[PDB]
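Take a look at this one chain, the form deposited in one PDB entry, written out in structure tokens.
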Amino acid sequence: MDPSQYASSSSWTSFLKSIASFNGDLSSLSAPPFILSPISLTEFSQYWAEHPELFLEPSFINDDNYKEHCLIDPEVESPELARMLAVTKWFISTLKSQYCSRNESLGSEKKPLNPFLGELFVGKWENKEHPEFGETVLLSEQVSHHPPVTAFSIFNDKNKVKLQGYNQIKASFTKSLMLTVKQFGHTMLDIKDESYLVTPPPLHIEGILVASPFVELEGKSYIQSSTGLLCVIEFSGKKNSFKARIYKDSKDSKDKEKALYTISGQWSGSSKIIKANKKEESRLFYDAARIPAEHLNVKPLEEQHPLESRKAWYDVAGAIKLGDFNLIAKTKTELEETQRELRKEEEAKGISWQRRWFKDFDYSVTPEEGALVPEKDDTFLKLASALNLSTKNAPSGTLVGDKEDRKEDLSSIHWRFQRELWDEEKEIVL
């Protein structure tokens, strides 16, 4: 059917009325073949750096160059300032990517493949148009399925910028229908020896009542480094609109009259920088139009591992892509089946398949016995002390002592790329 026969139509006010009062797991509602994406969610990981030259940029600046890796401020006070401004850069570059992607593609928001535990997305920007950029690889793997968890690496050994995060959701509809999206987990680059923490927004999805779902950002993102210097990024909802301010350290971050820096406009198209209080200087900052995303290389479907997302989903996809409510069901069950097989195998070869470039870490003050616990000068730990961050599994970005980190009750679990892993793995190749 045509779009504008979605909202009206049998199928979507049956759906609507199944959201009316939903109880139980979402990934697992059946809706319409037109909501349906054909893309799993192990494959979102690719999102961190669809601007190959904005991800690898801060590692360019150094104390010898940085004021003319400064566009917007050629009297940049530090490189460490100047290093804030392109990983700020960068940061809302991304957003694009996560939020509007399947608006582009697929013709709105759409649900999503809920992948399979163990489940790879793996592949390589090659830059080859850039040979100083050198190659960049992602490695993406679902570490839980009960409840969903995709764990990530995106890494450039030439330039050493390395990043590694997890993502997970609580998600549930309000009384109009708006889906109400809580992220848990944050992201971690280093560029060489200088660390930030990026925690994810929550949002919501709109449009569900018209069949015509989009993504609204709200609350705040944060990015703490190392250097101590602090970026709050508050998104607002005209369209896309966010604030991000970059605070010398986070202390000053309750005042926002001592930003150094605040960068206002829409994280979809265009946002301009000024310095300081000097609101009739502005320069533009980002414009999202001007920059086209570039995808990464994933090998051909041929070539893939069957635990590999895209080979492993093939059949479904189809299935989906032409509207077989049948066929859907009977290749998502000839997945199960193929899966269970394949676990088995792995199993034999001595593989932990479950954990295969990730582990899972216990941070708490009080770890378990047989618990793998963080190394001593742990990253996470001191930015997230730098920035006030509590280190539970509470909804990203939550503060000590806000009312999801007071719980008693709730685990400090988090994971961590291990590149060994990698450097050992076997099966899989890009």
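Residue numbers count along the first chain shown, from 1. Take the two forms, find the largest set of C-alpha atoms that superpose within 1.5 Å, and that set is the rigid core. Compared with the form deposited in another entry:
- Among the candidates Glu341, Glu281, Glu303, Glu129, displacement between these two forms reaches 2 angstroms at the C-alpha for one position only, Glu341 (superposition on the rigid core).
- Once both forms are fitted on their core, the CA shift for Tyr314 between these two forms remains under 2 Å.
- After superposition on the rigid core, displacement of the C-alpha of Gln354 between these two forms amounts to 2 Å or more.
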Given for the second form:
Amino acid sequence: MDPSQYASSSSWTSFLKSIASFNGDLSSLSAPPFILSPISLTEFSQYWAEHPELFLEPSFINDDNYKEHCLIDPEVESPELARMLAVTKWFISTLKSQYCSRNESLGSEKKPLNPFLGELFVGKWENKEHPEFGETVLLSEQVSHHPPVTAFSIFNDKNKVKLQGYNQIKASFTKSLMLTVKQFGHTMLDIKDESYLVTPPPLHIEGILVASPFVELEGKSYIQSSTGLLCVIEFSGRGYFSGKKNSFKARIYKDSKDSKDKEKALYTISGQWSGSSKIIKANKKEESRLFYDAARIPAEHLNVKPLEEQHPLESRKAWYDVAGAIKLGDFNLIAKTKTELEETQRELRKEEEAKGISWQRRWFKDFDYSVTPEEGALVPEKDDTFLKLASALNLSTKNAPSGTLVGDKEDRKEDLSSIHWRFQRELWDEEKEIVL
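Return the structure block for the form deposited in another entry; the form deposited in one PDB entry was the one displayed.
This part shows the chain on its own.
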């Protein structure tokens, strides 16, 4: 049918009624074919680096060229600050990819495929037009199905820029049909010997009643550096304080201590993350410069091998039949192909439970950061980067919503675990079957 008839269709009405009895698992919703996306959530990890030049820029900034590299502030006080500005620009650049990609390729936000345990998604940005960049690799793996958790790493060996992180969400519907989404997890970016800890923001999906969903960010995101510098990004927009669609305000401070006083901000960046934003230094409101304009530089999609060469666990290969059925809009075929894959997985899980076997994660392992960790679990090293950055930010190390600070209600939750997925580069180095 035409999108104009989605909202009043029997299919959408039945979907909205299934929401009324939402059991907590989005996979139990009767989402009609027209609102389904043929893309699995394991693919979303690629949204962290669709602007290769911005991802790598911090590695090119040094003591001898930092002022010359900093266009937004040729008077930047230090290379560390120049790099924080670059990392902030990169983070902002990821937002359009993360939260707007489906609206552009599918017509609206849609329900993504719920990955199966063990699903993989790999590719690379060859950066052919820039030999100084080198190849940047993406490894994404579904480390959990119940609940869904995607772990990932994006790395550029040539310039020593590596990123790793994981993501999980907890979603619920309000009485007005707003889908509230709390993200869990975090991402760490290492630029040579300098590190940055990034926390994703909470968000909500609106437009469900009218059958034209879209993401609206809220809350805050943090970027804590090993240099002490901290960037606090606040999201607002329509229906909220600002009233401006996809708006944000980011402030950079000398340290988390100073972030308690907005007047201490070294820079203030404001605008729309899906559009243009300006930057003001200190408090010189008078003078401002363009910080980032999302419309000027198109996202660069990574290179993925042809389907004919993909391994059975690779996302697109595994979901091929379902993706095809979704593109056709065939109600019965979608149910048939999806059930086929998910039932095979059920059988696998039942065999594992009864046979005393556990699925072994491929390139990531779950580290227990608890004071009293599971006896067989891997534990963090003394010089663990997350521990040091979380300490600097006064961030909770528990499995609380992303960005939860020590002392917050979510951190004082009784018997909350502290398990975090970590990339194990050695496992990729000794990978003997998967290739790029």
